[PDB]
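Asker: Chain by chain, the residues:
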Amino acid sequence: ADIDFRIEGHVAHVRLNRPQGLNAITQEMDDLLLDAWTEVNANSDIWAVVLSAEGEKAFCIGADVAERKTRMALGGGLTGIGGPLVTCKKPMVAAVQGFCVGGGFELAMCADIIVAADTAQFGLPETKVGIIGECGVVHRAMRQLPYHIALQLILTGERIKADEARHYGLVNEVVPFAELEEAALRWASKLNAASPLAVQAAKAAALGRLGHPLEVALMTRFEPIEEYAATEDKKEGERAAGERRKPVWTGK
Amino acid sequence: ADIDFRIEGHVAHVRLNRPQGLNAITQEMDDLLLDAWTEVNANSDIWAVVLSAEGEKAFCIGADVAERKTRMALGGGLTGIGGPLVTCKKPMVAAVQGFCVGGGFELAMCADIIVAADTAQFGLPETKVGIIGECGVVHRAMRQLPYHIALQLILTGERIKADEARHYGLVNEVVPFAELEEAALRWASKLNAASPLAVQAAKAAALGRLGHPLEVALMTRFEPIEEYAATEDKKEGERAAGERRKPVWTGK
Amino acid sequence: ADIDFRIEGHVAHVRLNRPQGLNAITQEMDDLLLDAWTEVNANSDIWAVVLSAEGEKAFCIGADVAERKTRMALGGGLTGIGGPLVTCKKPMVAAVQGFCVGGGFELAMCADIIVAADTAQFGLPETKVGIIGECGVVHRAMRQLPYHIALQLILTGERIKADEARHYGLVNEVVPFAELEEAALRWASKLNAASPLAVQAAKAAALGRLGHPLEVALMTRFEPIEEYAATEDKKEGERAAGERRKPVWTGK
Amino acid sequence: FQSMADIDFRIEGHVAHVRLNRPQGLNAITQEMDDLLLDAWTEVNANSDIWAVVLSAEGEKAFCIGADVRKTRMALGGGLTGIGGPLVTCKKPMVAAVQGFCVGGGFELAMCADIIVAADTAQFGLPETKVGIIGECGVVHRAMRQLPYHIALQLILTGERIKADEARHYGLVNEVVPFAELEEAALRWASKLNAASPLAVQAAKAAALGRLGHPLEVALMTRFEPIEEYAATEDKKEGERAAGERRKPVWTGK
Amino acid sequence: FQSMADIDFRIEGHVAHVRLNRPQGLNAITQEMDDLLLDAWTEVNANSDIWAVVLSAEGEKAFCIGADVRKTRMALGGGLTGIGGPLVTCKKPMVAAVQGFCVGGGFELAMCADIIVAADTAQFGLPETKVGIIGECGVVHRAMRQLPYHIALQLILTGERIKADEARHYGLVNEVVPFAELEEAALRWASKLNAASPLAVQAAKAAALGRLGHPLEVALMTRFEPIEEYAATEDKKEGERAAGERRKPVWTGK
Amino acid sequence: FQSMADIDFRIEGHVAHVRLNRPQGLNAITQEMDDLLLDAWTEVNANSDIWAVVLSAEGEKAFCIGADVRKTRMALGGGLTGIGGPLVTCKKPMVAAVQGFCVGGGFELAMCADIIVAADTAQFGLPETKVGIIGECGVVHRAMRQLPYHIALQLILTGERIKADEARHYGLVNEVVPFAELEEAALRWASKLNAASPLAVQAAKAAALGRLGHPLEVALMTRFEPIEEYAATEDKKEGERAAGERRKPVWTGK
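Chains as they are written, first to last, in PDB author numbering: chain B, 3 to 67, 71 to 257; chain B', 3 to 67, 71 to 257; chain B'', 3 to 67, 71 to 257; chain A, -1 to 67, 73 to 257; chain A', -1 to 67, 73 to 257; chain A'', -1 to 67, 73 to 257. A prime marks a further copy of an entry chain.
Misleading hints may appear alongside valid ones.
Just a few of them, taken from the derived set where beta-carbon distance is under 10 Å, the chain A' residues facing chain A [as the list claims (entries may be wrong)]:
1) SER1
2) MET2
3) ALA3
4) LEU90
5) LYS94
6) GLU139
7) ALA146
8) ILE159
9) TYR173
10) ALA183
Everything labelled a hint here was simulated from the structure, so no lab data went into it.
No residue lacks a Cβ here, since even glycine has one placed at the ideal position from N, Cα and C.
With these hints in hand, go ahead and build the complete structure from the sequences.
Answerer: What follows is the structure, given as structure tokens:
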């Protein structure tokens, strides 16, 4: 299948699996990705997602260039470009090798944490090839890179390498290709060593008020945070601190 | 007293002084901090604030874990988390050693300029210990660090060191611990070598429209800037330039 | 003339030409700059602008310190400070040598791409000399530099050098002064090797929703992007990809 | 089990009837009723045979007086008010048929409807301040958006009621009728909504409300997915065909 | 060439008259008419002799029924509605004089005016949902801002019309007159606008509308360039002089 | 010294009376009066015995005609309008009692109130454009938020007045009474406000107005500190006790 989806303990692996097309996303892959995000959001055993891709040449080069009765945003909904935005409420680590361009770059930018192989190259080549539609593949770059660096990518369509991405904090870690799966899994293990409902709430709060004035943010009541107060994990955090031991999270 | 507050010339020193609890903020310290911010805002002899902390182990590890008739946001109001937001209108330099975590990190992030000892470590361990409430301690990190680095802190609860903070421009300067007080004072001296009402106005304008579209910002009338036109310092800036001499500011 | 304006192929050169006043912008230069931006926006042969300045000492030190019947924002409108904001819809490269301060820094920050000579120094000395009016020269720095670095500039009025600007991604490239014109032209050549109407649309979309929540951005319909669908260049991009050849853009 | 009929839900043709049915408590919403309402809104949103909803209530004394004086957060009205828990949006057009007392959370609930028909016995109010209760975001925000500023404040701050005629005068309600005519009047409205193209009605509702508190220029430059999707529907083609052949369209909701 | 008179444009003193003049299509706006309207708004905005605009329409049956059932995007009404293309703002105060049917894009166009005078034959509506059409941002956003919430939704969702008296009742229209009196009533309004200081009127309009969907605190701290520029005008001085000498000001529009 | 009585301020029980008292200038607000008003609002906000304010004015001709034709910026009305200087918010509920001319900055000031009772002599307007004055953010923003769009524009752009009956019709005013009954009518309103739980009233006002120009979804997810603080008050307990014992609550404002 062109998307490989597996649940291993509390980690869901969503893996692009069409290396013969440099993992360009077909309409069928978008269907399978949408099924994955739905399951990821609905299943309380899934605490984190690793988004990855098969092969060495490319994580993802964007959409595969007819024709659908429903609007589907690129990445099974996840980009919100071309259709309704789907939000993945679990923390996500993207493991990126090789080319990560256009819609593929946008997709990686939907992740929370990004670990790149030292072969990774990021870019937005749409202007350079003369394509632009919908809202543009430009809004995440403006929020995740320094202003003039984002504009450089968006307007020239030239790529930047893993080291430069790391330098600006677009990516959290750069490793040799051989170490990419293990590195991604170390990050998922860190995310799942924290209280998973608290991690989810923190993500929802951070991102849900990111483009608002700070004062508006600070006065926001976020439902996942409200609901955390009634959880077993919340009680487990107090018990464990009171008994000077490590908490054991259950995800409820 | 657990907060030490002193006015020396045109600098107010607000110093956390409970090193035996790694400067965790008690309800009493929050009262004393609120008194400090009130005096800082109301006294025209105070042109800048240095926020610092006693001991080597930690600037501040957040709130000390009953129970109050009024809502008090952490840091005598300054964070706006847990109660009404108090804004310090004078420019503030935070001098941070050792651990700076949770609410302590948020508090440092309320400062304008941050100077860190090379022992400083910044983090938001709330998710990792299973605590989250109110709006979350997440909104300043999203505004003061690159997107994926902020998310790394918020979601894994792991710390970053002074050198990495400096690298991203979270901190303005890193010095040896022995040099921290003097470095903080150099920054307060720079702030007070500029026209102090103009500095205050600039801070109010920059921050008062920070999460708005640029066009909205550029069309804003800010009362401190309007009021600057009628000051003696404003006339002193023109006189001094006209007579090719250094201006002598009076703060009126 | 104190602004030198030339069209060479698809690049417009807008050059400040009053080196005897360190390119401080007079009311007459503001008139000439406004004429330039009007022509730049209206002429479909102009695909990119290089904003530059004569002499080695300074790109621009801001406004020249009576008195006009109309409000004119600094830089022929381009800053939107002191009058209506004029938007340059073509991609702009600023080539900055020497001092780039106050209104001159703000003006450079209106460009998309900034190439600096290794002599460049950026700063906002208004607070330090005791001047502040209108909305303040503070809003672009908050959007183009890390929060605490922006505040350092705004509040102390001290300069940063080309290497530090590059480090944070305020500037895209630093070169020796002798290489500045050629470097700026390499960037204009990259911008014009991409489809120029698509570049313009991408710029309008990125910047038109920059201070909005991401969800608002992603749901925006941008007229330049809508209009791109009906262009000859848009068809030329498909033809060229279909025939495995380089596209030849015509700007229509 | 004893509560399982405190919300009456029935689908008749293309209209869903969601009826509050605990008149003994003046239709104050219990936790059980919030569960049933959440089931109703889920079904209303998911079922493409449902083109409009009539929200109504049993008895003559009251449409709804609010919450009845849980470990999951549930906003009042099975999610619909968004007060006390996540906001649930009903994407189908809704007519509220209101008799007697419509107060507090009950009034907020009626205000979630698109069209409101009131019996001439209806009295609307927000008594929370007057009885000394206030929590969450306050039951104040819809009033500020659906009445003139000073009238909204009067309700919010005094906690006194207004009558049906005054509500109609300010265009808080669309029609006032005798209590005997209320069900039938609500059904006339639902028939009007369902005589229009139902997916277009939905898309218009999503657009109108989705940009309501934004600047007009932002609203005008919004792309709304239900509008984009409408271009690919059978009803969109049927509209053109019917106009081209000077006949009444026959909508199929697809 | 055959369309060149489908918009009648004339300047009389300080009033520009922009008159839709294709009554045979019930003043549905063709592509040619959109071109002529865009020319009109350009001239209206650029010419300092024009202090106010009356937007009107020929015939008794209809002010405008919308778009007539191109490679540049043109918003309906020569840009003025901002629906289908870039928004064109008319900076001069505008009076719409509306008779008969004022529906769809036609109603949206009237809503772009500042003052609306209606003949007692006027009927306002948004029939798009009812005929099964919806595109772009929807013709819904101005209704939500110019009518009470539930009345706006009634129009938007049912596609049924309201009459002049009901429009006047909610303050959608400023005056209702007999059809014979419509031109003259519109001119009384334009005379009132032009008896005030015209650059101040413009600046007030730009301020009011430029911050309309923002929080009040944001609005109050806005600097509006037309207001800043007004301080340097002759009319500003003439206002002070006239008040100082207890006489009527004579405005020159400079 | 000669101005020290141009604002009359008195506290009677839980009502503060802030009365403009320079009828010889038709209660145009001088710089001295702005100082006294700022003192009043400071006391009103700080004193927990004050639960409501009645803002009124001496004489029959005019409530207030605006600013009287300084090195600190002072917004008109001791800060209250936020026009010309920092905005001062009165956190206690306010009733404005308006007679005669209520124009310009005077009208803006009345619009800062929550409830407005007008004598049948009241005339409201914004004559700034008509006399050729406009500065700062414009005296236009509250009108756009408190009247129907086209009625607000009519006032703003023509500078002509409307009468009390028309203001009441659109719900700009809450009640119209004969001039002889004005003080007593204003006091009935203040009694209604103070019969509700005063800290809850305050908190409702802060919530309603604090999110008024934001999208509804933003409003609904707002945490308001006066609401959070209300949970810890004696009045909150007294409300529960009184409801539990089927008796009238006795509020203490703590």
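Asker: Output the numbers, in ascending order, of every earlier hint that fails for this structure.
Answerer: When the structure is compared with the hints, numbers 1, 2, 3, 5, 10 turn out to be violated.
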